[PDB]
Amino acid sequence: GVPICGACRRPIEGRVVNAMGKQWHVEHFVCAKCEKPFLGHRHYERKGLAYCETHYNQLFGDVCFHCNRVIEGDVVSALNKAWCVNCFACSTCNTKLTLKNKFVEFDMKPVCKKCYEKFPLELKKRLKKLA
Amino acid sequence: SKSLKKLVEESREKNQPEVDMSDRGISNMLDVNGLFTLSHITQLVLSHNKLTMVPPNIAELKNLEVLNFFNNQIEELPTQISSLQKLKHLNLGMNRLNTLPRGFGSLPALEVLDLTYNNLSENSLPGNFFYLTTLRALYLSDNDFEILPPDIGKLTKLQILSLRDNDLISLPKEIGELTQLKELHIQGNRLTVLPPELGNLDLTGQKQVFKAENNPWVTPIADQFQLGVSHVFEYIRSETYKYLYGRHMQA
Ligand SMILES: [Zn+2]
Ligand SMILES: [Zn+2]
Ligand SMILES: [Zn+2]
Ligand SMILES: [Zn+2]
Numbered sequence: 189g190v191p192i193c194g195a196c197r198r199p200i201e202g203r204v205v206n207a208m209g210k211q212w213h214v215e216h217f218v219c220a221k222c223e224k225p226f227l228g229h230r231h232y233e234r235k236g237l238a239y240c241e242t243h244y245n246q247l248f249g250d251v252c253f254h255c256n257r258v259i260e261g262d263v264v265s266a267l268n269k270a271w272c273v274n275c276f277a278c279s280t281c282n283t284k285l286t287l288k289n290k291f292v293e294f295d296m297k298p299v300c301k302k303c304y305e306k307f308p309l310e311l312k313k314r315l316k317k318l319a
Numbered sequence: 002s003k004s005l006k007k008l009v010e011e012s013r014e015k016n017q018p019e020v021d022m023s024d025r026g027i028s029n030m031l032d033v034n035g036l037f038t039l040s041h042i043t044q045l046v047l048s049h050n051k052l053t054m055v056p057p058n059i060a061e062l063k064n065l066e067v068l069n070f071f072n073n074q075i076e077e078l079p080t081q082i083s084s085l086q087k088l089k090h091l092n093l094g095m096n097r098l099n100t101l102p103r104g105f106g107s108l109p110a111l112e113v114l115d116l117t118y119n120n121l122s123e124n125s126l127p128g129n130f131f132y133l134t135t136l137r138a139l140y141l142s143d144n145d146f147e148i149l150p151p152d153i154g155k156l157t158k159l160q161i162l163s164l165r166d167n168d169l170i171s172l173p174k175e176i177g178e179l180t181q182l183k184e185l186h187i188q189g190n191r192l193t194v195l196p197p198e199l200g201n202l203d204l205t206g207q208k209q210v211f212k213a214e215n216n217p218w219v220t221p222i223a224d225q226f227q228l229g230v231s232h233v234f235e236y237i238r239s240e241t242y243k244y245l246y247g248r249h250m251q252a
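Sequence order for the protein chains is B and A. Here the first sequence is numbered in the authors' numbering, starting from 189 and rising by one per residue. Here the second sequence is numbered in the authors' numbering, starting from 2 and rising by one per residue.
Extracted from the complex, chain A is given alone in its bound form:
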């Protein structure tokens, strides 16, 4: 119930690390009064507002480890967003991002990035995006990705990768290189063929996940899906399969 002045001023004297301003109809963070003096907060929630942009002032909030802009209307981020040296959790889902800013992968600490439900594609990603090697959870579901960059293989600490409901015509073979991968959601795309190198992953355990429904798979994979998870990885490690892949890529 408190107004935007009491939540700014009480988090400075009572010394609260965690500000919540979720669902407060803010259109603009410079209107939140003295918000950017709060240079010792570690968590800033602004989901469910009406933000159209994040201002360069985000950079003074030096010690943010959690920054949640979920379900706003942001068309653009400031390059300063990558200077948050303590930042680990960044949530940008349900926004209107079709681009990311210069040097976004410069985040030295980031561990969970969530870009779900935007207008992102491969061209939206800046060049240094995969210097984000601290990342272990990357959610890109509901976007317009037609190809995933080969450099996905450099996110070696990745345990979770969601590409649900994108436009992917193919998986990059480098996904085999993500040893620590636990969850892989690729439901909803235009995949017809898994890359054989993906068999290097064992996602058949119970604390692991591999969803892939609603994809125009080729009939021999479709039928290993009916049989269960492990029967697809077996069949893609297959050598009968390998002769399929190469004669498919050229067809």
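Looking at chain B on its own, in the form it has when it is part of the complex:
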């Protein structure tokens, strides 16, 4: 038979650039932000998509404030900072949190609600007139 491209969705008659299970045309196997193709250059997969080198970082290159290695997989974003889903946790009792937990910004660190309750009243009184 003839394989069918994955972009224009027409069949391929020339060079068939196999990659990511799908078959492609030479000019249609491309990068997902800048339009241009690889043409034999190397691809960087991510959940069905592919990118060049100097764009693959700008998205999937958030770095986990806890372990400082760059985040592979799901990226928890909170408080102008980023966490691996298993690294995110309370900064004062280190029990794991999700964005669906109740927590409090304290100097841009996450504090679980239970922990905030134990803060000195002097402190809590002053932080409600900050930010």
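It should be emphasised that the hints constitute simulated quantities derived from the structure, not laboratory data. Note that beta-carbon positions come from the ideal geometry of N, C-alpha and C, so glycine has one too. Be careful, since some hints might not be right.
[As the list claims (entries may be wrong)] Taking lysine to any residue and the SDA-like style, the derived pairs with C-alpha atoms no more than 20 Å apart in a straight line are: (1) B/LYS284 x A/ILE42; (2) B/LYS306 x A/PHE226; (3) A/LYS51 x B/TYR304; (4) A/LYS158 x B/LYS313; (5) B/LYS317 x A/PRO102; (6) B/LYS317 x A/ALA223; (7) B/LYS301 x A/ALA223; (8) A/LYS158 x B/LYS316; (9) B/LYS317 x A/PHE226; (10) B/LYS313 x A/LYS212; (11) A/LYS208 x B/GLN246; (12) B/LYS306 x A/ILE27; (13) A/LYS51 x B/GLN246; (14) B/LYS312 x A/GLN188; (15) B/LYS316 x A/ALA213; (16) B/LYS221 x B/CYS255.
[Said to hold, decoys possible] Covered, in the sense of this in silico footprint (three residues per stretch, anywhere, with C-beta under 8 Å from a C-beta of chain A), are these stretches of chain B: (17) 225 to 235; (18) 280 to 287.
[Stated by the list, open to error] Among chain A residues calculated to face chain B with C-beta under 8 Å, some are: (19) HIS41; (20) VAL67; (21) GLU112; (22) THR180; (23) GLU184.
Given the coordinates of chain B, work out where chain A with the ligands should sit on it, guided by the hints.
Relative to chain B, chain A with the ligands alone:
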């Protein structure tokens, strides 16, 4: 619900890296039975207890990367605390530390230090404190710092620095040298003037922070604050501003 014997013994045979003993009313870590045999744990949480001190035995817990003493009542650390060669996260907030021990900056790996809410000041810091050049996050908010040491400039990997609610009459000019700085909290002090060299930092992005409210700033800065973040850094990079600073330091 488990008692202090099952959490010590089950973390050795089941082989758990992470011990949690948070909010367990411990007054003393030598009472926690066999705690210091656990020489392969990598995380030790003891926040919310009633510790009055950390014993020299902390040193045998060789492979700790996380040590959390938050909200205890510790007046003093043992010099051994600086021998934790794998240590990266140390939390000592809400304690009663007015000093740190000899050679505390000897920690070769430390990345996040948090000393929030103690009785610390510049004299509390040991001489080698700024050999902690691995540090990227340093939280010193709620303390009694009147001057920050010029050597702050050696913490070059620093992205986060909190000095909220201290007693700072001035920022050190060397803060300009912390290229990677993302967050800078200096709310709540007695600052009247930023140092012009601080303009070398661009903290105006959205994933960056510069809080500075509740400071007796001088009126021309006060008014660049109303206009927004970037208008202060512009105005401190200013050359009109520079003539202000020098005639202020001598006044
Ligand atoms: Zn095509
Ligand atoms: Zn690209
Ligand atoms: Zn992580
Ligand atoms: Zn907590």
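Comparing the hints with the structure gives:
1. B/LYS284 x A/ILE42: Status holds; Cα separation ~18 Å.
2. B/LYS306 x A/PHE226: Not satisfied, since the Cα-Cα distance of roughly 34 Å exceeds 20 Å.
3. A/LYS51 x B/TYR304: holds (17 Å)
4. A/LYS158 x B/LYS313: violated (34 Å)
5. B/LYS317 x A/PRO102: Given that 20 Å is the threshold and the Cα spacing comes to 35 Å, the pair is violated.
6. B/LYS317 x A/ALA223: holds (19 Å)
7. B/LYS301 x A/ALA223: violated (34 Å)
8. A/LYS158 x B/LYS316: violated (31 Å)
9. B/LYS317 x A/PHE226: Holds: B/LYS317 and A/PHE226 sit about 18 Å apart, inside 20 Å.
10. B/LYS313 x A/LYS212: Satisfied, since the Cα-Cα distance of roughly 19 Å is no more than 20 Å.
11. A/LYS208 x B/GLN246: Roughly 14 Å separates the two Cα atoms, so the pair holds.
12. B/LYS306 x A/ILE27: Holds, at roughly 16 Å.
13. A/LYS51 x B/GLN246: Answer violated: A/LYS51 to B/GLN246 is near 46 Å, above 20 Å.
14. B/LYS312 x A/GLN188: holds (16 Å)
15. B/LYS316 x A/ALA213: holds (16 Å)
16. B/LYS221 x B/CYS255: violated (29 Å)
17. 225 to 235: The restraint on the region 225 to 235 of chain B is violated, since only 0 of its residues have a Cβ under 8 Å from chain A and three are required.
18. 280 to 287: holds (count 4)
19. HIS41: violated (18 Å)
20. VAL67: This hint holds: A/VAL67 lies near chain B, its Cβ roughly 7 Å from the closest one there, short of 8 Å.
21. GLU112: holds (7 Å)
22. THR180: With a minimum Cβ separation of about 16 Å from chain B (threshold 8 Å), the hint on A/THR180 is violated.
23. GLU184: holds (6 Å)
Of the numbered hints stated above, those contradicted by the structure are hints 2, 4, 5, 7, 8, 13, 16, 17, 19 and 22, listed in ascending order.
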